[PDB]
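Chemist: Build out the structure end to end from the sequences listed, making use of the hints.
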Amino acid sequence: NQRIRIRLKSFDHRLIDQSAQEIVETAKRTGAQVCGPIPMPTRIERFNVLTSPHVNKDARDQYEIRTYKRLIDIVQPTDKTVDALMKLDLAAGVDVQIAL
Amino acid sequence: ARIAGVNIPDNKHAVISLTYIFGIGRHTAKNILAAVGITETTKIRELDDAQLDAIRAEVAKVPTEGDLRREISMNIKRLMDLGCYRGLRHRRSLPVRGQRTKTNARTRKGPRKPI
Amino acid sequence: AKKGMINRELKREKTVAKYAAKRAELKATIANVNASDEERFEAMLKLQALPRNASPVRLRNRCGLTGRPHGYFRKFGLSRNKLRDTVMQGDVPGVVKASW
Amino acid sequence: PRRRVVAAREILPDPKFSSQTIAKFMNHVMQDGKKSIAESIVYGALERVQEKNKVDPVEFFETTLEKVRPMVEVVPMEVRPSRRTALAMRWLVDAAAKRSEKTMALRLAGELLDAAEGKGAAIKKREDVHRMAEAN
Amino acid sequence: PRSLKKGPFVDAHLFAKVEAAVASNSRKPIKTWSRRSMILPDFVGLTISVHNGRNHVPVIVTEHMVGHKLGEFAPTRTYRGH
Amino acid sequence: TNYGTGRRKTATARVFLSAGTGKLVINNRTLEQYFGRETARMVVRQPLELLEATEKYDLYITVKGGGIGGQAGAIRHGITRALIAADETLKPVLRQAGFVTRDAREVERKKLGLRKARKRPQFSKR
RNA sequence: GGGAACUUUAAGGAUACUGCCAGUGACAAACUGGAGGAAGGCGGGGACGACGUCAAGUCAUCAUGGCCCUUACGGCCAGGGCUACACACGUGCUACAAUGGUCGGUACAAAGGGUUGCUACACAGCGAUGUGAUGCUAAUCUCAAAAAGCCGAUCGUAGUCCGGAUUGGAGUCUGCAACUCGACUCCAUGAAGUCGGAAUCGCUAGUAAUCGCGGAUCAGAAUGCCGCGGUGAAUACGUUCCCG
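Chains as they are written, first to last, in our numbering: chain A, 141 to 240; chain B, 1347 to 1461; chain C, 1067 to 1166; chain D, 836 to 971; chain E, 1267 to 1348; chain F, 143 to 268.
Hints are computed from structural coordinates only; laboratory data are not their basis.
Quick reminder that beta carbons are idealized off the backbone N, C-alpha and C, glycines included.
Each hint can be trusted.
Which chain A residues stay away from chain F? Per the calculated CB distances, all over 10 Å, these: (1) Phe151; (2) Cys175; (3) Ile205; (4) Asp219; (5) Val234; (6) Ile238.
For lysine to any residue, the following SDA-like pairs were computed, each having C-alpha atoms within a straight-line distance of at most 25 Å: (7) A:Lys220 with A:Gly171; (8) D:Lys937 with D:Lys954; (9) D:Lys933 with D:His863; (10) E:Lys1335 with C:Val1123; (11) A:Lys197 with C:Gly1130; (12) A:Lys209 with A:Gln173; (13) C:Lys1093 with E:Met1304; (14) D:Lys851 with F:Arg171.
Modeler: Take a look at the structure:
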């Protein structure tokens, strides 16, 4: 019943999807059964920034930053699974959390 | 009916009629009616003399008209005599609780005074 | 901002950092029911006897680059003028122009 | 609009009688999106007139609206068929408000009943309109 | 106003000066910038010179002043009319 | 037996249509218990009234999101789609009635510098 | 327990091109109408601002030529002020009520925030709130009650059971500290106001109107600003007139 739960967070959805696909392929190569990746709801933060140095209240730039989240479940892990997942390299811009 | 020296309306519900007395609001009216035992939807004109006396007994337990106006007058006069900041505002007929006076002080000031 | 104002904020931050533990202990003792009323009163006097700059309500968030005291955006630690410039040239990861 | 000519909006018939006249009258009665209150008022008025006289509400309303309907407005000008109904409903609305019944539905039912036989304030308004019209 | 569970607030230096005078009986005014301190029953019978922004205004503390802050008797703005 | 999904102003309705005697239930409630104003109930009932099949079907309906009007419109759309998924030849009549069209109008976003989507603050030359 | 159907979540794709049918323009560009389709002629909205104009705005975000001060025009501190008040103007909020006020019962959202934080639940208080305690680093727990809406009762046109300014008294919380100068709670008080002159403003559809919800700043302090959804209209004959 040793289930490995992997949570991925990123600011770039292409990066997060590539990382999730690589993780899933790495697990399937070893031969475990995997569930996902499952896309969690995205967080969107918005900001209103004045563009003029002194006085133009209606002249603003609107920015946003999104946080994408993926969930992966690994069940019936082979002994090689944990070692391969730990040996997997850390891609920049993606945060990976593993819970046993 | 005459209660506490004033003639409250007779054709209204008791809980609304009792608010015509100075110093008695809706909450106090409901308190008095509950303490006496009279329902709030009963009209004044359909109450008997014993119930009126019972209501008068409860009304006598709170400051209503002359005592309350006297107390408020003394409270303001004490500040004006002491000369604190609130007393000065009362003397000058200006807002007392920190509101702006550059604009919007007409309740305290009265109608606009042309220059 | 003037350099004196920045040094003033630095000094206040250092004082807040220095007096953090004693202030927390004093407030805990104040809020401690089991302590006697005399002990709570003494703790209140001790807390009132601390230097003013020990209190954190006198800290003002300033831009990490210029020291501007208006328009802070806690998330980036930069005032709006520097935030616009740094965002629009690509130095802030994940932030893009928002349209919806 | 200078160059472009815009088509007139098409509104759905009311769910109860499938009458666009009733729907448009309800739209005129409604304020700030309270279509439920407008429906209550209009349907109450129609039920009231129906119980007073056993006549189809749609037929009664259309006959009365035709009676109140002006061929000219107010300084005389000419009007088109749409403006005729618009002004008829407009004048019919106000007199019910100035009436004295306890609810708006009762007030409007009474106003319709009084305008159908010609002793209505909307009828008086139309009389003012046309006695103004013969001036030119 | 300040919570009753905390008690009245008096600045330590002003309280010490008042206590010293009351232990003694000296009648010289006590000069202070502490406009925010609350007037206590011990203050009664003393002259406190409260700063008002540019000057120290003398206040002779009577019984009716108890419960007020010291700054209420030293106004800070000057106005005579338009 | 047959299924339909209706959408109107952020409201989604799942409709399950089978053969029966006119039973109707929305979120484990009667139509009267769910919709207070009768126009919403009439909007819900339009599709079967136009087909004269009110007592020939049983409806199991769930709805989520939106308000009373939006939910009523979504239920009508779902009922129409479920009917079409049962009898394909029924679609022209419902299309003439106008029920198969998905109403795509939605709340317009507030815009920078305006009080609302279109409303603008009061202007003065002086 | 279970299922992978449906809603949804979120990545990748398909679809609309006058494509088909019927007339016109010119023998064109174009224009008119119809079927199918979720959508038909740019389907809706956002971002994106040509060559240039105004010695337009910013030396107080920042940088920078020149000029000026150097026991002071630099630096540190406590208190005060930026909150004043015979007046005038701009932008708003709340009302003048019955399509409403109050009371009782009962429905339906979207988006966003939460670890020096949000807090289930229990006890105490009329209440702001306090104490104990539980889950949550969150599609998991929480802010949270949506409100207008529907049903019933009452009020019956009164300056009122409308309105909620002002003032008296008593409190809670943040904060070293609410006098000048905070927010909120309770009792009492109950102002102007009965729809607003000359004139003037916004808006062409999920718009106007109306109803509630969230966030940035932030110890505390929004009727402002930036967003979110609910209910949901009226009218456009036309280019004389007014503006650019």
